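Presented as structure tokens, the chain that follows is alone, the form solved without the partner chain.
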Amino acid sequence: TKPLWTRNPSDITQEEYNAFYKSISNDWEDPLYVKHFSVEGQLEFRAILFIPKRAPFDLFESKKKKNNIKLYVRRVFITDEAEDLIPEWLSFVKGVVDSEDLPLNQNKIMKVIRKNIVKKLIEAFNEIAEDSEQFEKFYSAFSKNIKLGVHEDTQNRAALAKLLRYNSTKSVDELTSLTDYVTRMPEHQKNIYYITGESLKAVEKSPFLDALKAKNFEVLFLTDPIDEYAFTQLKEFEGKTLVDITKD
């Protein structure tokens, strides 16, 4: 009879998290991942956040951001329609946030909660990334929210960019991360090369690939306008510069 989130992650089992998830998500499936944590220091609060196995329908209105994360303050419900609690590109997250001090009434306290949540969720994505198979599932569902985050989040960009995934000349069937791309780059390669296009088919046989394939340089394939734009906002990854081959 004690709020699940107030319990230590160690004492909670799956199915307990699953049932609790069903209880708040209007979803029948178990969550893809569960991020239960607590924050201490200047501000104190607990939270259980979930990443759905699949992107919800959300085809009722024009907008979308209707984050139904239940907001509690010392175990007493307050609202499931909080504002600025979590970024718009992350609205797909479901769960509960229980704060010790009143989120008040913009408010400052709310901002530090939002900051910790973003930090924890990136932490959850890198975790899902440990299983390239379960990560594909997550990418198929929220690759759009990730790209959106890389575009909206300048302070967490580099980190989020580590979540992008693309096909390449050396990554045909399976997708690859920009980190693995870097690792694969030969000693004399200084740039991360890529090419933009309407589709994979249209980009796979570009004559611009010849000057690279012959020098055994891997090249990424971007087919989404958001990925393209994102790359100009990223510029560099891990130190390497992003270069569009079609240009030069």
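Numbering follows the first chain given and starts at 1. Take the two forms, superpose them, and find the largest set of C-alpha atoms that agree within 1.5 Å; that set is the rigid core. Only residues modelled in both forms are compared. Compared with the form solved in complex with the partner chain:
- Once the core is fitted, the segments that move between the two forms, counting only runs of three or more residues with each CA displaced by at least 2 angstroms, are 58-60, 102-105, 246-248.
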The other form holds:
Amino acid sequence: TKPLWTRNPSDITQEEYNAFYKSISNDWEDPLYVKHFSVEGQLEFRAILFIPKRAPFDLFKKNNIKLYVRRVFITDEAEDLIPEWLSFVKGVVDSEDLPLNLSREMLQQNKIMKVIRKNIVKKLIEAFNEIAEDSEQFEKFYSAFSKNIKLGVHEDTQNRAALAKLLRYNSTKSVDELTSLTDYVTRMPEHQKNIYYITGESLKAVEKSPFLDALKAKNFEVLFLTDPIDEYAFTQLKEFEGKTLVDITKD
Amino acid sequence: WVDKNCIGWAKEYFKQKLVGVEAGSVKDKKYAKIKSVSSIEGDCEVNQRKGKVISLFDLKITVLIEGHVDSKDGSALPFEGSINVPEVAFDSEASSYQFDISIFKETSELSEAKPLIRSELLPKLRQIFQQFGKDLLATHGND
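Next, give the form solved in complex with the partner chain, keeping in mind that what was shown is the form solved without the partner chain.
Entire complex below, previous chain first.
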């Protein structure tokens, strides 16, 4: 039997992926999205990663991804192969090189390993973008992993910006539909040089904040950030597409 | 008999390439120029596996920038700055690079600095970075 992840993703059917996913996830639903890719050149390896439709049970074992080296399974609990904020992904990674028998750290800090981690992260972001093109599929994604996308902004200095494109919020100009930062900017008149936002413990709380009246007076949109980890993401991002992020309750 | 670290050579190449790049030509009211390369961390090894000699280099680079912009009225007010690029790697695309622009002692009157940096100095660093890899293998990448 020839390992599925090695066939060309255009010669594989959805009926097939679904199947493979179920055998490694015990899930009852079909994966939300499949990203099957191959990398060649100085670095060679293949991967088939899955994005579930729901979040797992626990609020917040990591033995998801199966690490194969030249088609030889090694461990289902590979440490440092995928960043923790991406722990929800399922699948298998097969690497051509990468030495064998690594004494703790040489397995969790290996140069080859570090390179593969960044490609997967880059790849999933590409994947996340594709999903965002499918409104219906996206809402399902964001209602399940918006938090993860936020944790991703917290720590990945290299990808921080890309992921920020996946964030969605309720603004003073968008009460019945979360809006993205991209749309926000588009709605920005030329003299407005700052993306405004306010944080609060709940939506109800911030809608009636006495700070909004002056922004509304300049007809400046204001983002509502109501999750505890939202503010740190914004201070970690600093700016978005060249525009500064500014809490309307500070300097 | 092949593994040749180059963290050393790259440190020289960028210092010799970055320092001096400018957003303007000193005269303009809005001007910026890189003062120096404060940090170059990461790895820049060049391995030789098969007819192909390679390098899976991933560098984090930071630099300091001098400049002055359009003041409230006449003469231009100065500013200190730094720019951090978390990743310049072997598989980077001209657009892959990220530029965290920071302004020291920044005032609402130093607004036009960043814009000046983003549209005038960045596309230069992007092309400078795109070339690194080549000039790297072109050297420590042949007998």
